[PDB]
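Protein chains: 2
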Amino acid sequence: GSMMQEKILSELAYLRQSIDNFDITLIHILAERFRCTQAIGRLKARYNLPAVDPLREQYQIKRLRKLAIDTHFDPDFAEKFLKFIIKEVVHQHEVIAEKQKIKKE
Amino acid sequence: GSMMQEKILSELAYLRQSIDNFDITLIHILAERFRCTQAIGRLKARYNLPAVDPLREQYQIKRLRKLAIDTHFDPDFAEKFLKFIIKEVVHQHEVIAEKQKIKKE
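So the sequences go chain by chain: A and B.
Counting from 1, one number per residue, gives the positions in the first sequence under the working numbering.
Counting from 1001, one number per residue, gives the positions in the second sequence under the working numbering.
Heads up, some of the hints might be wrong.
In silico contact screen, one side only, chain B against chain A (beta carbon under 8 angstroms); selected entries [as the list claims (entries may be wrong)]:
| # | residue |
| --- | --- |
| 1 | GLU1011 |
| 2 | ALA1039 |
| 3 | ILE1096 |
Taking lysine-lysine and the DSSO-like style, the derived pairs with C-alpha atoms no more than 27 angstroms apart in a straight line are [claimed, not checked]:
| # | chain 1 | residue 1 | chain 2 | residue 2 |
| --- | --- | --- | --- | --- |
| 4 | A | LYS66 | A | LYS83 |
| 5 | B | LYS1087 | A | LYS62 |
| 6 | B | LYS1101 | B | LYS1087 |
| 7 | A | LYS87 | B | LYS1062 |
The hints are simulated quantities; they were obtained by calculation from the structure and are not laboratory data.
Positions of the beta carbon are idealized from the N, C-alpha and C atoms, including for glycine.
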């Protein structure tokens, strides 16, 4: 139909409003997460702690996987997602350390 | 110090509580986002719409970049993050279409 075509484009539009809202929300939460991990980066750099903390990484992954299963959410994708975030964090930790070091030199 | 060592481990622990909370939150929001994009996948598959919708992708990226700058959040990372999500979504759209098609065959 044309009534049916519009019904379908209207549903699509409605679902995309929601997605678009989720994406803003996700960015605001990640903004705060990165405020925290940057406070960790400064602390690690001042006191010579390493960017990659394997016991920490391992815990975060097992925990998020368990919580993902409990939410009926794919645990492999939860892990892929967390690892994506952690790679940026590890980069940021290294950038803060190089910048604390260039002051010291 | 040992007082100073514990102060620092205590700060680190406190920041990690927050991170860990943000990560659960992020998973719950993504759970809902994927409920929506899966409803889009079914709709696209029933009515023969393609997985990759370039005009849609382009809008989502420009919009999230602008909103990221307005939140003092790195627009390149916002884009990297959205593209990471969209790659999963496009996969999921293709999986739904293959599964609607195998019923039809």
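Here's how the hints hold up against the structure:
A cut of 8 angstroms between beta carbons decides the hint on B:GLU1011: the least distance to chain A is about 6 angstroms, and the hint holds. Look at B:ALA1039: its Cβ gets to within about 6 angstroms of chain A, closer than 8 angstroms, so that hint holds up. Here the hint on B:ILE1096 is broken, as its CB sits about 14 angstroms from the closest CB of chain A, past 8 angstroms. Using a Cα cut-off of 27 angstroms, the hinted pair A:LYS66 and A:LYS83 holds, with the two alpha carbons roughly 15 angstroms apart.
Under the criterion of a C-alpha separation no larger than 27 angstroms, the hint pairing B:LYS1087 with A:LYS62 is consistent with the structure, at around 24 angstroms. The hinted pair formed by B:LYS1101 and B:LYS1087 meets the criterion: a straight-line CA distance of about 21 angstroms does not exceed 27 angstroms. Our distance criterion of 27 angstroms between C-alpha atoms is met by A:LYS87 and B:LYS1062, whose separation comes to about 24 angstroms.
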